[PDB]
Amino acid sequence: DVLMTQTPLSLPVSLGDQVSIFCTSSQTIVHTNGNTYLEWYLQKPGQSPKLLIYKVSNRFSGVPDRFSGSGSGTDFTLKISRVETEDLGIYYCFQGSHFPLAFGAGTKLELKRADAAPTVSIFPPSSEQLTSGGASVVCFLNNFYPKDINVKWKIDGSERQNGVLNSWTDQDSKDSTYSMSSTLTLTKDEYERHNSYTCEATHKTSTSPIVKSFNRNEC
Amino acid sequence: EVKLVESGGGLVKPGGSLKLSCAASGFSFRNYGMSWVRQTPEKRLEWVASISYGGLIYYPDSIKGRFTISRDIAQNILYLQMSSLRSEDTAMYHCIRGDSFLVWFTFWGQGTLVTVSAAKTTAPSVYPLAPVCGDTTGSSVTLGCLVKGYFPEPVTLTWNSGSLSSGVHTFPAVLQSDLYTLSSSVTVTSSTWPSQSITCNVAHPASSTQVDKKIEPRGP
Ligand SMILES: CN1c2ccccc2C(C#N)(C(=O)NCCC(=O)O)c2ccccc21
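Protein chains in written order, with the entry's author numbering: chain X, 1 to 218, 220; chain Y, 1 to 53, 57 to 104, 104A to 104B, 105 to 221.
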């Protein structure tokens, strides 16, 4: 089986930028008829994927002159000479020279902007959930940049790696930042077995984690 | 005008069966190769199967045996019989028209969503997320809303019926355990709340659910 490897999984760019996205095949991808069936697709948010390039270098009719494909052997490249706002989305490479046909993981074309430390907010269980016998400790790390971030929970001083559900938003269309939610889900009794609940955020901006917490009995 | 419209997608219990359909237009199946490609929740693209202008059929070993592609050349309808369905088979399915020995997936349909799950329609638990006394000592304040354990997706969450639009972040739903859980956060000035009313409005069409939760300051 021929596997396609894409890099990077996220390419932050400034509009006007000339960019190059790469794709690596586990081995040579030349069909027995001599053609290389390497295709490039762009999927715009909310839409289905669209063809850009076929057979390595052929630009699909109707596709802007700023897109172009190249490569040989196991190395392939998609080029965009001058990035526009419309080009933002995820690009996928694909090989159909050998079966099974294989897709690359995709590379997200995202926008660059100034670094942004996240605003961290921690929320103790609501009395209604408690009343229903549940206890969810939510934490929001909002509007940060770059998207890379680590969240750590500490219950009564000790780290809690188990039972954490995290979700991330796509880059904001207005401020180009990113946000994430982390929810520690416990039981009413489990939650009442401790007093301190802490949410720590490690962003390339703070190093020493942004720390937020509360005590089940005081504030 | 080439057109591809997928139908049949829907909820299906594991091991269950489902037939997807794709009505084509603007071309003939005798002149083009057709395929099915799916996009998983993770946004990963996967080739499901294809049938050439001449009838030849191809499948990856993962789909081989479980899925069956066929076509009605006369009515110009492509089909995908799905069986032995697992949660990993949960994805958006697209039929695609390609050019023989030229381009595999030249034109994609918008797709039909297939969701494999044992879960049953469950209304969501909507909880108001008020700040801890420590976070409320600034010029702005972040409030939240927890929409827990619902099925299926989606739910519709707004703030003040949509009145409250900016400074909001409604996070993608995740599976808590065959059930979905989502949360939204809204950030406003300290003078906006609790000084002014802020309610989380969550609807869940599948269960005819429409609940409202007002975020009240904590404390006795
Ligand atoms: C679209 N298309 C396609 C679609 C469905 C099924 C097969 C193909 C195909 C392959 N292999 C192709 O053109 N097959 C012709 C049948 C044959 O091998 O003689 C092929 C080869 C290269 C590029 C595209 C395609």
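Check before you lean on any hint, since a few could be wrong.
What the hints assert, rightly or not - No more than 25 Å apart at the CA atoms, straight line, and that leaves these computed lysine-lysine pairs for DSS-like: (1) X:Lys-174 with Y:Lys-3; (2) X:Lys-44 with Y:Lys-67; (3) X:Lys-152 with X:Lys-79; (4) X:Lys-152 with X:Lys-188; (5) X:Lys-50 with Y:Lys-43.
Simulated from the structure, these hints should not be mistaken for lab results.
Verification of the hints:
1. X:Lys-174 with Y:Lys-3: It is violated: about 34 Å lies between the C-alpha atoms, which goes past 25 Å.
2. X:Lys-44 with Y:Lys-67: 30 Å, violated
3. X:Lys-152 with X:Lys-79: Violated, because 38 Å separates the two Cα atoms, which is more than 25 Å.
4. X:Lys-152 with X:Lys-188: Holds: X:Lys-152 and X:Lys-188 sit about 21 Å apart, inside 25 Å.
5. X:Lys-50 with Y:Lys-43: Status holds; Cα separation ~15 Å.
The structure shown violates the earlier hints numbered 1, 2, 3.
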